[PDB]
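Protein chains: 2
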Amino acid sequence: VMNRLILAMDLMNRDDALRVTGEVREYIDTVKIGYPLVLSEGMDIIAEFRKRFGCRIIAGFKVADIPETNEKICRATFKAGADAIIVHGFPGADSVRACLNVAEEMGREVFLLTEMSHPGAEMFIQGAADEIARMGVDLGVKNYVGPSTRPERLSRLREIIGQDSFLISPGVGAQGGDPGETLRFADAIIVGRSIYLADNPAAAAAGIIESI
Amino acid sequence: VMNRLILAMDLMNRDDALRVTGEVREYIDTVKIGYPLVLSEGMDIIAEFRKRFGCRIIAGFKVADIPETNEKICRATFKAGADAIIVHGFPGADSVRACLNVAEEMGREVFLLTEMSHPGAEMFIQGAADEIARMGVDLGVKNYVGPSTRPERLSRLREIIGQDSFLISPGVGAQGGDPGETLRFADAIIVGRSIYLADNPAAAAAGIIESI
Ligand SMILES: O=c1cnn([C@@H]2O[C@H](COP(=O)(O)O)[C@@H](O)[C@H]2O)c(=O)[nH]1
Ligand SMILES: O=c1cnn([C@@H]2O[C@H](COP(=O)(O)O)[C@@H](O)[C@H]2O)c(=O)[nH]1
Numbered sequence: 011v012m013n014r015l016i017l018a019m020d021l022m023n024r025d026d027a028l029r030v031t032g033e034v035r036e037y038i039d040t041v042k043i044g045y046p047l048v049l050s051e052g053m054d055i056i057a058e059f060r061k062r063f064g065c066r067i068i069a070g071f072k073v074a075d076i077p078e079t080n081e082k083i084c085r086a087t088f089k090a091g092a093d094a095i096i097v098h099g100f101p102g103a104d105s106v107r108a109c110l111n112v113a114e115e116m117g118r119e120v121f122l123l124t125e126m127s128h129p130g131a132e133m134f135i136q137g138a139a140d141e142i143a144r145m146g147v148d149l150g151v152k153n154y155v156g157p158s159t160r161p162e163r164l165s166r167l168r169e170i171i172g173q174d175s176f177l178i179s180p181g182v183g184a185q186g187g188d189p190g191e192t193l194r195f196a197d198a199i200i201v202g203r204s205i206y207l208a209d210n211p212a213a214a215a216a217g218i219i220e221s222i
Numbered sequence: 011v012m013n014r015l016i017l018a019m020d021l022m023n024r025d026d027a028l029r030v031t032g033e034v035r036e037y038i039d040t041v042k043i044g045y046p047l048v049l050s051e052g053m054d055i056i057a058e059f060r061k062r063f064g065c066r067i068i069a070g071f072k073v074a075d076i077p078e079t080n081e082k083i084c085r086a087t088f089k090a091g092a093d094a095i096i097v098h099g100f101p102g103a104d105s106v107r108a109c110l111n112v113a114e115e116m117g118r119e120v121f122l123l124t125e126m127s128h129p130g131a132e133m134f135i136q137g138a139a140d141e142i143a144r145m146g147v148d149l150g151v152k153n154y155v156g157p158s159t160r161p162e163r164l165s166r167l168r169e170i171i172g173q174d175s176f177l178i179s180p181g182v183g184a185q186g187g188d189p190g191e192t193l194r195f196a197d198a199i200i201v202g203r204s205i206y207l208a209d210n211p212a213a214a215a216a217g218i219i220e221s222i
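Read top to bottom, the protein sequences are chains A and A'. A prime marks a further copy of an entry chain. Residue numbers for the first sequence follow the deposited numbering, so the first one is 11 and each next one is one higher. Residue numbers for the second sequence follow the deposited numbering, so the first one is 11 and each next one is one higher.
If you are wondering where the hints come from, they were derived from the structure by calculation, not from laboratory data. Even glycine gets a Cβ: it sits at the ideal position worked out from N, Cα and C. Do not take every clue at face value.
Some chain A residues flagged as far from chain A' (calculated, every beta-carbon gap over 10 angstroms) [said to hold, decoys possible]:
| no. | residue |
| --- | --- |
| 1 | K72 |
| 2 | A92 |
| 3 | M116 |
| 4 | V147 |
| 5 | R168 |
Below are the DSS-like pairs computed for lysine-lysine, each with C-alpha atoms no more than 30 angstroms apart in a straight line [unchecked claim]:
| no. | chain 1 | residue 1 | chain 2 | residue 2 |
| --- | --- | --- | --- | --- |
| 6 | A' | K82 | A | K152 |
| 7 | A' | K89 | A | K82 |
| 8 | A' | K61 | A' | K152 |
| 9 | A | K82 | A' | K152 |
Start from the sequences and build out the full structure, keeping to the hints where you can.
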């Protein structure tokens, strides 16, 4: 992705979301849109962003349901225009395979979330993360999400998935993660608040890029 | 699209196609892949390009069949990962609507080809082109293709579709069209041979961009 930087656009109002995204567009080419924006403004916001900014859109939906429901969620998400969707691996292989089947049908991609970046991720997710990553490899997953806040875990995850897999990483900035250290292991970093809550989002994005 | 320039990648061998596309990637972000490459190397080449270069892919398939067959062609094309497909308008509204229905189902886009750029287009297509463009407007089409070789026709087509519609234009270079004149009316130009048959494709792309 452009400058190895993905904007997590979690503002809830369409006007502010469009303003900030347009201001930092020259520094990115990929935007992660999640439920904070979609549940407030509707799924049509995905196609609007894709058209207006010509950026790739990752739907950050943390899909975590049974196979049947996961299939419906992925179908609606790709119908809305998303290029990829993030799915949790903790609910198991069948739930991930359901997402992979819809992505195959629709010519889209699935990103498998292994370990999360927040403190609570240490409680249960961390202990299952290496196995979730290996499950991904077994299922043919080529895109993964891992934590900026724990570079030693990001290193181990990179070890499991290999150098050819694409790995993106949130938790940079607000959560404590460092851009440069994270990029020693991840292909791209996801940044939300450090950019969208800044007084000057473009200057904030430019600063991150210059730091790396 | 980047630099308002779309590469028409009509080389037939995968190695040469990948070489040239990689060499000019910094000047573009959108590649038109058609049957010369797909029929020689397979539909999987679309996903390969999309992944390797991170570019948007327009399938230049000139869809021109009955509704039922058009639906199947569009479904296979979007399943293969194409972001958009070019469809002929001369076979009529039902044939175009079939493509629009699949694009809606799959969160993709249809480009309507109005008038073609080659000499033979004057025989039958030109006389129907204004009506084909109006049909597009009536059907809700927002993306169009018009001829670089006839800027007065491109102007009339732009008049019919409005300023908000996206218009791309082939026939630049080899066929005689001029980049700058074409861009007075079209949003982007499509260039094939002037770039891919050049001794230095990157220098050729750079020259076109500098000329505009
Ligand atoms: O382990 C994970 C997975 N996903 N995200 C998501 O990535 C973004 C990070 O935003 P931030 O830069 O504002 O912390 C948000 O959309 C958040 O839901 C995390 O923060 N951590
Ligand atoms: O009216 C049209 C529609 N499509 N194309 C396509 O656009 C590309 C133009 O290539 P060129 O720059 O080598 O002439 C080729 O893929 C060709 O099939 C035209 O040339 N003219």
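_List of violated hint numbers, smallest to largest_ = Numbers 2 and 3 - these are the hints that the structure violates, sorted from lowest upward.
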